[PDB]
Amino acid sequence: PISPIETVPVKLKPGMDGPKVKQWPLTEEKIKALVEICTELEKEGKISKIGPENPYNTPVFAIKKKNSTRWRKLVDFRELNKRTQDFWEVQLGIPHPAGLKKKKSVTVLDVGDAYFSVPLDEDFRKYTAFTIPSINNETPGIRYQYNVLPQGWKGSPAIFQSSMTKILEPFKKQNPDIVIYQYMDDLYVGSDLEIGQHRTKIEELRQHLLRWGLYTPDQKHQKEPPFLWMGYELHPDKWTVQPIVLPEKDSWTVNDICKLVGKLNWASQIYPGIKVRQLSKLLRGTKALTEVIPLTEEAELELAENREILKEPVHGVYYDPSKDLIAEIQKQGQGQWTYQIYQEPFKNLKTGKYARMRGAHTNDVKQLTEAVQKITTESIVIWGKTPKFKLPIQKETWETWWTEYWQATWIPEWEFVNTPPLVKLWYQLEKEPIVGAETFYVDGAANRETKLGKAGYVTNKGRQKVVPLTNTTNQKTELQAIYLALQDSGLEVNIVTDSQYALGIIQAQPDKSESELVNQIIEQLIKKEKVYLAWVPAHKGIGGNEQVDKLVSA
Amino acid sequence: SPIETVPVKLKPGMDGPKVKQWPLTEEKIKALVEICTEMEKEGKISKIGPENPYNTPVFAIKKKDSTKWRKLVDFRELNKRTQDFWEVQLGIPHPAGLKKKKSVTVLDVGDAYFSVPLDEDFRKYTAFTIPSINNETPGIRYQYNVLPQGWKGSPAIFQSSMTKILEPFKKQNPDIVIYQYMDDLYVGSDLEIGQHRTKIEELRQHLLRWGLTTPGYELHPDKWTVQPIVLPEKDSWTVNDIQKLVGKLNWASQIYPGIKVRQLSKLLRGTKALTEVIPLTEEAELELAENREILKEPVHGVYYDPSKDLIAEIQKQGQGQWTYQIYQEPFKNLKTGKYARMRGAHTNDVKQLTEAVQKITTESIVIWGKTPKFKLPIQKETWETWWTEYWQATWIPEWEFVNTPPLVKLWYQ
DNA sequence: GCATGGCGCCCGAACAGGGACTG
DNA sequence: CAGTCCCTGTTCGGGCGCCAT
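One line per chain: the protein sequences are A and B, in this order. For the first sequence, the deposited numbering gives the first residue as 1, with consecutive numbering after it. Under the deposited numbering, the residues of the second sequence are numbered 3 to 217, 231 to 428, in order.
Mixed in with the good hints there might be a few duds.
Claimed, not checked - Some chain B residues near chain A, calculated using beta-carbon distances under 7 Å:
#1 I31
#2 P52
#3 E138
#4 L283
#5 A288
No wet-lab data here; the hints were simulated from the structure. We put the CB at the ideal spot given by N, CA and C, even for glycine.
Using the sequences and the hints, build the whole thing.
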């Protein structure tokens, strides 16, 4: 059982000692289902009793497995982890079933009590001492050290995962033609072989582990479409997620909504169109998990429609390295994006969902750029290639973008899929001044101690309009001036301001916003058919701006 | 194979790298495994576990012409810590007149560092992980035994070795200077190109004698001339045009203290129309020429100082053209450069940017021998995604991200 | 006086840096 | 000018999802 592999040298963070925290009272039933576990372990050599010379103790509990029958011995080394060297994890992005290639025969096997078979570092066992009470708490019980790999240490999985790699290495060299997906103690095996040699190879692998101290109970796949791997259902040609059961209760709490959103996000994989922009809009605010909160009218709309899409039964498809890869994206709600990635016209590999506000004043193509780079840097992780795209955008819409923009951008091989809504840059500023338009000179100002301020403009034909301000900001005032010029002007306008800030946001030609004011400035911009906007020094001898600065006084 | 282990004195309290490893494509992923196995077999790199609290990322390059995947370690972070070592104790001198040549060539002396073996204590810090596709398996972990490819300390150690290796060529050619930086030689001569390119292939054999075979390209520092700021000239001067022209003429005020704009703005007094044409006066033309002449000689009162990092800033310009600057202190510029497109059929912002950076970096080394932090006119996300797919160099600079747009029709172009 | 690791989503707290105003 | 205030954008931590112990 123990001593097949080498022990990894672990040290305690320099300066510190070990854990000296008393064990807390436990449920009376758990203890009798725990002591029943500690003795079976000491029997196999996993644990060993000690003497009073060991001044270290660390709390322990227990919890039923995913079945409810067998339990799980968990220890709370939270005070140790703060004293154990900072390992570097070896586990990366979890594997994904849409990245799997079709193999004629496949089976998966699982190791029983895998943490309890890797020899723990020698001189470190002395800090894993837990003290178990008797039955009625009359006299102190037994106290053994975790002779084997613990269960709640600082980097417990890092050591196991690493050791598991070295043990499978030799078998990979002799058999570098078969597929092996080792995630923890769970590994997916399979190749384009045949029943005979396959099953022999399986026995060849079981016995390879068996000799390495890795006993695998008859709990391996039976070679049917019902394949439980990484919480899914791997059929021979199709694949679906873990039969998902959405929670439905009259009233909801902050916590109960969390347990839903994350459960909903998990279904974003195979299920297309699933969104939670609003459903989450309720998570805003420093809330406590138990706090009761009523669903919004828009939130009850999503949760009702999402409850129906999950009712619909769907399946994904497996990856083929010969065929081309195309990722089709489309826009959905305000700031919402859902995408389906496929290779066959109808068979999808994995659908997705992008919904973020990258900045205060974005844009639809600006969001689409990043909605592309999010699928790329996630398509590279599953497959080492960046796929082709089916974007809902006209080729002239994009060409005009990165030609009049300052921050460099770019998107790979894409086409134009005509599926509403089709993303478009609505308005557009003019590069050159317009003739026969009123030349609005706009500027604003605000006081730092009173917080009130005046914002206004003047023109060439003698046009003045300045108003007060309750609680505004110097930078905000300048923005207000620009707003005025868009209400008091025709379809053709000329505007000049002393603020880059002001200039900035418009220049970028934005669509959405989170300033209300700015979300409004665009409303006008969209309508005005020809607009031009120039800049000029603030406190300078410039003409026009000379007087409007004088007008926002006091 | 040679010598003994050189002791690397790292800064007290300072801890090593901890950069995570970023996903890679099958093209580079498959190119890297073997690359390591070969180094594993030849005992250049060992294999380690999670016991190691340190890391650094890795990726595969494929420079033009050659079809040999070079393995590059992003020691970008590790070097800043060992700066005491490869700057003070083991400093590689820089030849003042290296930049004053008619041609210099890039030599790839990478593999020449796998000779000397690394300190045992310091070996710990140089670890790296190689990711599996879709996490087929937990990324394997390795460590370095012999001098690394990229580290800036590799050639601070090899420095003793390398000078004796080039003893004959340098001693018998007093008109040919050389500069060693990271993993790339810098040989610059003065004579004709046909009688130069032959001196290179001849220098390749000298090194090939003691095990260096890695085929570079031409580049002449004399070709580089400064491009200040051009004040446009037109017949019809509209108010709009005088507006922008003062703006540009205002930025110039911070760089040149002799810039006058008063007289010029005096003709804009009073709220006037924008398209309305205005005729230039006598005192306005006495300044339009006064400014256009003062905008010739660089900013007096500015010198180079290695005591402060080097900073690079780039601004897109369009048509595929780009323009950049190189300064020590704000507005006290060192080189006012300009970049041209590689022509047509390659309409890509990212590729040109990565190219521009290398084409700037190169001139940083050559000229002074440092590397500038690039205020990059692109989004952290938009770059971290293809900054490799178009990279063809054995060095990685420090950088940051600027998002602020140009003001007055770009103060330069 | 109720555990670990990995990746993911979402969100407000903290930290950072650049431009414009002020005694 | 050194010191304040705004505004934006990036990075951190916390809880949940799922996988595994």
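* To do: Tell me, in ascending order, the numbers of any earlier hints that this structure violates.
  => Nothing - there is no hint that the structure violates, so all of them hold.
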